[PDB]
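A single chain comes next, written as structure tokens; it is the form deposited without the named molecule.
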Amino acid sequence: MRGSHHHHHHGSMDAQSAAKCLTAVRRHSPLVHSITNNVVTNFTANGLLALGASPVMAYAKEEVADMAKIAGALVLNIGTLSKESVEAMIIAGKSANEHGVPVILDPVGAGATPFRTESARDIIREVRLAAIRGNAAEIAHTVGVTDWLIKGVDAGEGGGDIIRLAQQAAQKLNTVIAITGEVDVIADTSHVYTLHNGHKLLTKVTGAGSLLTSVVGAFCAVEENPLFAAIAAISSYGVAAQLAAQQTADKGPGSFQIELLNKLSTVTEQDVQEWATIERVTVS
């Protein structure tokens, strides 16, 4: 079910191709194996079911390998990691690698504590990843940026040096790096894009971020190029979030949480075509 829905030889990734990927997810209901934190497991599964994917949440070493093996994508999230779950994630990642299943990493809290930073780095050393998604700090810490340089994230900033961090990190780890923010910056070794969808209410719902990473997994299962897959996923998810906000921006974060799930099921190819904002960043 992993086809090719866009190529740079036909132009830059756009809203049209993004909408096509969304259709593919619905059509194939890809199995997405998520080994995520226990604060967002339920929401992750429901978000994927709403979208149209098939969530599988096995996490024990007694079954992760055989499950990742037959999944369309594997998503690892270290939100409430333990020595045991990090080992299970790596066992799962190695099985996925052996069977050509794309693996996505969400380094939640990388940099907050040493254990998280080192676990993220252990996963990257032992597992070939198709994409990594996190905020600027988590990515910086995960890829090994020097301590004192990290400061270049605080204060008011959301466009510029983040573009370089994303491409440079993608080149060092030969993967796709998605740096989350109001404006998302995504890049692989040779290409960079900025994404402008979503709504601030997402910051008031736990798992909103974790769900997106798993959503990226759903798209990588149906689109061969993870850069295109991730752009289509983030765009579709953001459009759904905007439509959800429209109907529940005044009710509150509780209603929005529910509305996000509603919209992931009702968002259409036409909505993505009309609202997705994807911009190619010139790199030369």
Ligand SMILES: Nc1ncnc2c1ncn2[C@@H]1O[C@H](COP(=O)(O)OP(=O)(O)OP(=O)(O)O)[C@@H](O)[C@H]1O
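Only residues modelled in both forms are compared. Think of the rigid core as the biggest set of C-alphas that the two forms share within 1.5 Å after superposition. Numbering follows the first chain given and starts at 1. Compared with the form deposited with the named molecule bound:
- Core-superposed comparison between the two forms: one run of at least three consecutive shared residues with Cα shifts of 2 Å or more is located, at 144-147.
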Second form
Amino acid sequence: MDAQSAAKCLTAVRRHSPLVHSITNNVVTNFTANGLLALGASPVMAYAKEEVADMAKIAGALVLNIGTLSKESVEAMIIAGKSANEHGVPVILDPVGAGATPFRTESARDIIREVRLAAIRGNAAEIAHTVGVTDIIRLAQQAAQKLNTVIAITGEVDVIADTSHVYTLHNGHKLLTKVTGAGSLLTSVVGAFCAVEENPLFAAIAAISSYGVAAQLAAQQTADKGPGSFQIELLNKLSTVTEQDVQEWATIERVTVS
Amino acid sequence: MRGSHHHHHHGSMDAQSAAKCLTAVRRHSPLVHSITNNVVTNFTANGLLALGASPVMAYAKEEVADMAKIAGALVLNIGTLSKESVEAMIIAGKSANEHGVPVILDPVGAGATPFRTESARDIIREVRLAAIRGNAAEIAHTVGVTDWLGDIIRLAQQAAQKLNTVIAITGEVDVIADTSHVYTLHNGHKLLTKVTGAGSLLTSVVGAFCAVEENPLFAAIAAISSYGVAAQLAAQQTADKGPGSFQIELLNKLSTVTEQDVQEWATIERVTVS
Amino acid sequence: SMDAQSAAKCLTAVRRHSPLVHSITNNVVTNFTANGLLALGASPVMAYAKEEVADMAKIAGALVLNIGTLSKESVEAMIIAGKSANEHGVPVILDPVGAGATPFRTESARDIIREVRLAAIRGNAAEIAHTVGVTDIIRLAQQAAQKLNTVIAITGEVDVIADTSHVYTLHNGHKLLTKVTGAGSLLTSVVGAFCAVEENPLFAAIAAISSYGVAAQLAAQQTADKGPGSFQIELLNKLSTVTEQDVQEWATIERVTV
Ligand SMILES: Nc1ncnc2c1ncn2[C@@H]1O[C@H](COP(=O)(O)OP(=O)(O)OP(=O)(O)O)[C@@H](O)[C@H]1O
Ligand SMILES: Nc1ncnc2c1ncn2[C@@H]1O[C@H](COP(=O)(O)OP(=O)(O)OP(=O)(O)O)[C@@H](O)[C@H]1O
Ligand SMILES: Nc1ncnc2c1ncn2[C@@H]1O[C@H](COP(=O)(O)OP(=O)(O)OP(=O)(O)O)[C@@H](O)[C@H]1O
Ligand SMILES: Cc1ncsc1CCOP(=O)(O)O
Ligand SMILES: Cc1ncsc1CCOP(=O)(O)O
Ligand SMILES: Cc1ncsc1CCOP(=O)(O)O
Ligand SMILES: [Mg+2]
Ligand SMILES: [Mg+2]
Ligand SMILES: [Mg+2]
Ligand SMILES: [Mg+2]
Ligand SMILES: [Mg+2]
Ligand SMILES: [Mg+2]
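Given the form deposited without the named molecule above, what does the protein look like in the form deposited with the named molecule bound?
Starting with the chain above, the whole complex follows.
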């Protein structure tokens, strides 16, 4: 899996314009929909228990985010997840805040036990707190082997590992940490890619790589204006990034282990 | 504040009359109360403020009735609807109708799921609507059909005739109609398809105009045209930059577009019918 | 007692400690608030569920309650979280958005005051007056701070801030903030940010509002005649860009004799 494969997956997301159903936090709804529209995908947000199962089945991908979770909303995520698995719709989870409060940790787990997930995307602390029922390259694998899915731990360096493989990504910019939704949007981007790419691990890597190179390009363009401009430039790049920009910038390293 | 800026007795709703309505909106700065989806809250409010109106969001049943009666226009949006929201939307719709406040509906997603479809229909049965804005499919599921897939008149006008309201089906070409009149607008830019809320914001702008224009057909036409021109103006400064810059520019133009810009750029076409 | 040089000193403190500001606010300003705080140098977090508000607040640096789009459930949650804050010495800030415009907002605002010890209350003259009751702006702020034994920050053209025995007048910011939704909500949260590192609440409010106002000014010059949209973005950049220096320079703080 390299730069060439990634770039090609980006073109397929644009060619099919995957409908991504997100049940996420109200701090990133607008950013997320705008990011997906820019990428070339079709976003849709639905949270009511009277329709999440109906919306998930006609979708290309379902993404769950607990950022500002509620009891009834968590209830809806699982309902939607079950409807999704029943129809072959890839499900991606973003364990926002897992470990911060007991409720988020419980909820993350709850969803993982009730929904066949295609991938989980979060920071190291969140993956660890979620998976740490008792007593990050090695963290990814163990988590991916245990939960049996694609574990994507993003940060200065991205660590994506699946049942038997491990990859590290080297793109993006530190400015991404100053924009709320950077992760929520990314997680949703991952869903858009899993919708057109049969291999989850490959979808994650491509989605994250495309996202990163887009962020670098926005970064240089943003010069030193600030967080506001960068945010705006990211939405622009997700649209202007080309299959080529990915090919010559994407840094994908297949980790050799045991 | 709701007067009339054009009458068919003077001819077809035109470009100058629409320019008139824009100044009127900015003169009175109507308080536009919208019970909308949480994907477009911030953008809606910023767009309305840029235009010159007064945005306000209130969803609680404990207050919607009160907020609606002192509003210039009420706008209902089911983008991320819930049972509570719909009940609220109807509570407020009724109170708005009871106080003569024009109510605008944006059937976001009608058709995608039967829940959105039923809710949109529940609102229409319970609330008198001044206008309804949405795309071709949403409009079709809201009013009736079966075999989805002649909108530039037929659908728009027949929809208006059944629900006795104003039907505005936006798109590359816009079809606005009431029980016996229909128009087509040719303003805007393709980049509005890349901004979330572009339509929810527009339905809101429709509310503001309805608050200053007695005739909803006219208010709707003036609203969409001013919105489209601003869009056009916005795309020019930022077409090579991307959706992000466009989004921001659109907000900039909604405040700097003048009635001059609207009178000279607006392209409104009266459709011969019946 | 408090001046520009000290104000700027606080801005540095915020960025140094990057306090966790817990906001239970309206869904019209959530994305703007988190981005604004991030650019400033604070760490925002939003949590509304009663199954976690007490837990999130006790681990925060400051709690802010904004009733912009209030519901019965969120108001009860704001109180539950308020009390938890009180018990852990976490400053609480209240933004009575719309108080006086609707009876429910008025009562929800008063109910919160009755149950939660607050460090400050930020809002426009009308909201403060309808909330606290009737006894210019300087007299109003002073009487209010005295009755509720808290800090009253009535922003606007000229900012009037006062605790039970002191009153200050601020003269920064720019008119365009009037055209950006959430300008007040982000400010309140900014206030919470300053309260998280400045022991005296009155000094905190002043420092927060001055910094915010200077940033607003700078963004407006760079914005000029472009529009509300470009301003909103520039404001985000400036909350990141503005320096201790800029505050010491532009900050215009004035103590009133009464
Ligand atoms: N310091 C950094 N330098 C370069 N790229 C980064 C950095 N931090 C994150 N990224 C990248 O930013 C994107 C943002 O995802 P990120 O892991 O920050 O989200 P998150 O869910 O908000 O987490 P966190 O709470 O830790 O901010 C990814 O493409 C990631 O590789
Ligand atoms: N292809 C286009 N070319 C020019 N203007 C357009 C185009 N599509 C929409 N507009 C304009 O954009 C505005 C946006 O309304 P639109 O019909 O896209 O909203 P919507 O509710 O988001 O629908 P949709 O889901 O189909 O994106 C109107 O002013 C309309 O005339
Ligand atoms: N006319 C003005 N000129 C300059 N600065 C202003 C003006 N009005 C407000 N500000 C500043 O704007 C910031 C915004 O707070 P503001 O009082 O407008 O918020 P609000 O909660 O939205 O209230 P309101 O509903 O009355 O608009 C503060 O820094 C304040 O000093
Ligand atoms: C600030 C904040 N508080 C609760 S969710 C949230 C946003 C989630 O953001 P991100 O995708 O960056 O993790
Ligand atoms: C992405 C999304 N999901 C539910 S509502 C919504 C926004 C509605 O947007 P628009 O006004 O463009 O039709
Ligand atoms: C338009 C609107 N409607 C309900 S809350 C809200 C935003 C409140 O904003 P601000 O902090 O500027 O007062
Ligand atoms: Mg982050
Ligand atoms: Mg995250
Ligand atoms: Mg659209
Ligand atoms: Mg729409
Ligand atoms: Mg306010
Ligand atoms: Mg304001």
